[PDB]
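Below, in structure tokens: the form deposited without this ligand, a single chain.
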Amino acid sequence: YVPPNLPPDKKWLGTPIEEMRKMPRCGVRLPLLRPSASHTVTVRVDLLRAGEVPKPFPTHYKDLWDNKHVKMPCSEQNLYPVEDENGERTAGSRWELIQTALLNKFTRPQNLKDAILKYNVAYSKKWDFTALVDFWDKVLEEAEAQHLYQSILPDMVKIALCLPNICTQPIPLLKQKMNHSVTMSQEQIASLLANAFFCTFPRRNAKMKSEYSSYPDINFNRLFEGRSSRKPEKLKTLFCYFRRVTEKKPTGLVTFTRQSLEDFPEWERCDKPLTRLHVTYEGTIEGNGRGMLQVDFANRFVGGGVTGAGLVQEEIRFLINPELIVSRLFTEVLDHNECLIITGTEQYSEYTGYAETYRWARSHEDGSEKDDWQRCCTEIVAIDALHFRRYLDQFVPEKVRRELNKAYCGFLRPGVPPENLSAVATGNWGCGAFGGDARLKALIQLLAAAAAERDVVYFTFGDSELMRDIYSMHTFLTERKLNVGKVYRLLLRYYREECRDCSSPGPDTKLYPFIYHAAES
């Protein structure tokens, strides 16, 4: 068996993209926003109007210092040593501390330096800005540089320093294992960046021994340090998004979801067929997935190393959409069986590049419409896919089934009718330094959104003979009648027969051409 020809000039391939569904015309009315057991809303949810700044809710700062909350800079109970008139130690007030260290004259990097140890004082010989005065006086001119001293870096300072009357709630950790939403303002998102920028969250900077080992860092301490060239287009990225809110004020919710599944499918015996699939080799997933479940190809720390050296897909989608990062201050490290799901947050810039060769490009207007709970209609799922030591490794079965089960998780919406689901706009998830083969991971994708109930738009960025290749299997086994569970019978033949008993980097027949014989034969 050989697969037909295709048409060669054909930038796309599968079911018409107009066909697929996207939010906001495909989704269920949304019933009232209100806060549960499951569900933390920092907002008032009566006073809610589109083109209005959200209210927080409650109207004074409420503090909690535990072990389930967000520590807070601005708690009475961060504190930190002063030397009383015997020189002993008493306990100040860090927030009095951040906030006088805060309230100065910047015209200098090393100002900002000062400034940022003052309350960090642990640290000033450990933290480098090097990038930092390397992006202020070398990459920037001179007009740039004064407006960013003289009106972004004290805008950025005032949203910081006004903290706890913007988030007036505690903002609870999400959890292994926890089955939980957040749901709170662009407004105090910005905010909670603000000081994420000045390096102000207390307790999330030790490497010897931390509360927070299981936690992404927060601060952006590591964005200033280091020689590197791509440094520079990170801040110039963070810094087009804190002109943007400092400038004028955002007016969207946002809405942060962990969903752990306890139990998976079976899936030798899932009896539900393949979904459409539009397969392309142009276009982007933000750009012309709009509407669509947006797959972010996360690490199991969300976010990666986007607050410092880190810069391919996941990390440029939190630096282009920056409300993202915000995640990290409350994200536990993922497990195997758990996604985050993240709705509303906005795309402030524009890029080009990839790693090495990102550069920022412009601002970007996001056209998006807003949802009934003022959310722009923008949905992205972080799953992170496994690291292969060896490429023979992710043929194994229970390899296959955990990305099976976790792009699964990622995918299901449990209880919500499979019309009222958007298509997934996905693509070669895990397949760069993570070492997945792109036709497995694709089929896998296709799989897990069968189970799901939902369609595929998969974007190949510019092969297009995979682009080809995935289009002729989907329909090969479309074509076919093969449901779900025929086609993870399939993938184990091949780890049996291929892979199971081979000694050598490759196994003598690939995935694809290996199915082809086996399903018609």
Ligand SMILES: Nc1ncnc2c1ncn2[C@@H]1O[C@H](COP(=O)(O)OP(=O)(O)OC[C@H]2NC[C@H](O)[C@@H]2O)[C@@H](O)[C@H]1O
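Positions refer to the first chain, counted from 1. By rigid core we mean the largest C-alpha set that fits within 1.5 Å across both forms. First, how it differs from the form solved in complex with this ligand.
- Only one entry in 88, 369, 271, 266 has its C-alpha moved by 2 angstroms or more between these two forms when the rigid core is superposed, and that entry is 88.
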Second form
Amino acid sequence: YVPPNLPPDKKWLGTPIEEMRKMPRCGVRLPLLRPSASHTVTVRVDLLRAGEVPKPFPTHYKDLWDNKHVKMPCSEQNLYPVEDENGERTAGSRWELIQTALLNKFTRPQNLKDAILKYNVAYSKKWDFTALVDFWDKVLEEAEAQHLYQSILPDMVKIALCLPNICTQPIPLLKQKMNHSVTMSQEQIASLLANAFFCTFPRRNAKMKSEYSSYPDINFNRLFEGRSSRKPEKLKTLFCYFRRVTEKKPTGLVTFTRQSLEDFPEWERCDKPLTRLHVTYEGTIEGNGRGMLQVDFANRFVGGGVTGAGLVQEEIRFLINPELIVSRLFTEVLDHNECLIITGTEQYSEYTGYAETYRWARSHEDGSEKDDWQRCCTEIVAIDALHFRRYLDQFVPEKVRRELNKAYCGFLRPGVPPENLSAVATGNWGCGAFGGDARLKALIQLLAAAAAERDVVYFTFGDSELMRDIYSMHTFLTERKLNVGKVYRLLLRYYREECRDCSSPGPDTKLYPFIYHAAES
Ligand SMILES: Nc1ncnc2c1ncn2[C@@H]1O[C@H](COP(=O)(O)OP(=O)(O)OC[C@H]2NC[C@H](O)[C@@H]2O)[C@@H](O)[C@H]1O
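Having seen the form deposited without this ligand, I'd like the form solved in complex with this ligand now, please.
Every chain and every other molecule in the complex is listed next, the one we just looked at coming first.
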């Protein structure tokens, strides 16, 4: 069986995009946003009104310095040792120290550094600031850099130091196995990120295995190091944010939910049928999946290398929607059965390129209308694929079972009637830096979505052959009436037969050919 040749000029195939369900239009009436055992809410829900920056709850700063919550910098327990009159050691408030370090003009880059390091003295002789020093003096002109130091940086310091009156409620850590949600103000997030920018957060820098060894970086220290060329475009994009939220205090709310599923489908038996597909080689997930569930091609440590190294799908999403970065403050690494769902973040910048082609394009005025909880109508899910080192590895059932489960966990929304759930807006998940095969993930995903009762929208990101092969396969499986079960079974029939005992680094027969042949020929 060789697949039927399809319309050679057309840009998309399958169900027309504008027929897929999308929020807010498809959404269930959200209930009274109340705090609960599983939902921390850090603003005044009674006072919550369109256009008005939310008042934080409770009104005055309550601190928790422990292993259940973020260790806020401004805590009275954030200490450093100090010699007294006699030489005997006492503790000094690190917060005060920070305050009086950052309340100074920064008229050169050397100053900002001096500042950050005044509290981070252990890393005086470990933290490179080239990238910054370069950005300020060489990449930004007299005009731009003047606006940065008498305006933006001081504005950032203001919201940074207002933290205790902004994030008055303790932020719990979203640990492994917790099914928990946090919802906080865009304003609150900007304060924390401002703090992140000034490398303010305590106990989050150990090379040595610490308490937070299990969590991603959050201080921005690494954005300052290296002779890397993409650092500046990164800075341009984050300042675009810091400039937008200092000038006009944002009035939205944002929700982070960790999801852990303990019980999965018995895929061999799964009776549910395939869902509707729309696949296109133009568009992008952020660009075109307006209203749908947009996937983040995530690292287990969420956000990937946004604070320093990387600059691919996730890092990019996290830069254009910087409010996602704060997820790193409190989200432990993802186990194989976990994900992070962020409803509410805004897009502040537009871009061009990818990896080392990345340029900051312009500011973006996010268009998304807000929901019942004053959260933008855009829901990202971060799911982490496996980073396959040898290409065949991924067809081992265990590897397929897993990628299936992750995808599932990221899509499934327990309790929710399918007819309310939007489409999933995805693409070549795990088939870039993580080096997996697109044709397989495509299927896997398409199977998981099926199991989740969510229709898919796949962006092939330029690859039009993929658009066809994808589509061809979807339509072949569908007209031949196949459920998730059989389609899974065949994937293992593929392993046993071409992969299990394979001399070469690649099989003689690719997946789709094999599947086509193995069902109806
Ligand atoms: N905006 C957008 N829309 C749709 N498709 C995209 C987009 N950007 C990239 N892609 C496609 O998806 C592929 C995957 O991007 P990538 O970030 O390389 O996804 P992976 O899961 O393979 O990489 C994961 C790791 N990299 C960054 C994260 O920290 C992960 O640790 C990429 O090569 C493209 O073909």
